[PDB]
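Consider the single chain below, provided in structure tokens and representing the form deposited without the ligand.
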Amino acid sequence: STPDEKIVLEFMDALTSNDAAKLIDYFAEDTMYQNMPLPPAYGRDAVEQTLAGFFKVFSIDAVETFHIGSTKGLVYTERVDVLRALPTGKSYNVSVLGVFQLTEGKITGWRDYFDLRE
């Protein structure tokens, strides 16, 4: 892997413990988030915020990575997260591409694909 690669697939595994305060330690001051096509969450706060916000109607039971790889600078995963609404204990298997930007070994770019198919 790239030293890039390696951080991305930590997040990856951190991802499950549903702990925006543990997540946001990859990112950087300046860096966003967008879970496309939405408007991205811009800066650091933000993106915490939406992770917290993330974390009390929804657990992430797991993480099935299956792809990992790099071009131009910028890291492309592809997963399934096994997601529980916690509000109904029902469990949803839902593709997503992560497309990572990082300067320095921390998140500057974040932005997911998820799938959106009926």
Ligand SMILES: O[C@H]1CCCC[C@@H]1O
Given for the second form:
There are 2 protein chains.
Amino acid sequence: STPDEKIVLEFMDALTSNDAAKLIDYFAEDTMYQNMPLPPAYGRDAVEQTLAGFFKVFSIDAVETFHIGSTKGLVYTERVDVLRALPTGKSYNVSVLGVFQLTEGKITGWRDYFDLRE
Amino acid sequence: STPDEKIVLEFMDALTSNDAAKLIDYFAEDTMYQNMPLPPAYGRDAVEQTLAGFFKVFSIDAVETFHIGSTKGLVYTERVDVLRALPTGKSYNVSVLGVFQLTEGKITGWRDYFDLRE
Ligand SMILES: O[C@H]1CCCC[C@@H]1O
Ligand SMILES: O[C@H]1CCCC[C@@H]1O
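Since the structure above is the form deposited without the ligand, I would like to see how the form solved in complex with the ligand looks, so please show that one next.
Full assembly next; the chain just shown is listed first.
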């Protein structure tokens, strides 16, 4: 595990906190999140708002990471998220790839590719 | 145009209002919206909240409908939406298929399939 992979794994562990204020601490000011293929959330504040909005409708009940690696400095990690819809109580399992760019220990770019098959 | 197709076309015309309170008038209490493959918004109130949340981050600047038809009572309609992200001012064109179920002139189900290719 490289230092960047370590940080990404810590962030993955933290997802089940469902706490945007806690999670945003991993991000640089100059950052972005893109949930493919939607337009990105530009800047740290937009990323925080995106997470906070998500946690008003879903709980991340569990994250099971099954792969992590790096190529050309970018960290690639794959997991299944157990997502529970708060207004219904129904739970869903979905696989997702996260691709992370870090600069001096902070996340400067995050791209997610969720499984979009039915 | 069947009576149901006419209603769906009125609804499509109304999208550029960016007004969830106006748009929800087309929906029955017993309704749902599913933006595929995400979990559905169950019930009229959830549909309204979904639209209202969307309009806080995007403007639908234009809708160009290029197909409408019906099969087995369901209305199928395809369009390109011009979506402008309010926090950035940037605009995006995206194709989408909407499938509508109507009961007594009100929408009881709505499924969207947006183009999810990069
Ligand atoms: O990976 C995260 C990305 C943002 C919301 C929940 C998901 O599990
Ligand atoms: O057609 C789209 C336009 C943007 C809001 C939701 C709807 O499904």
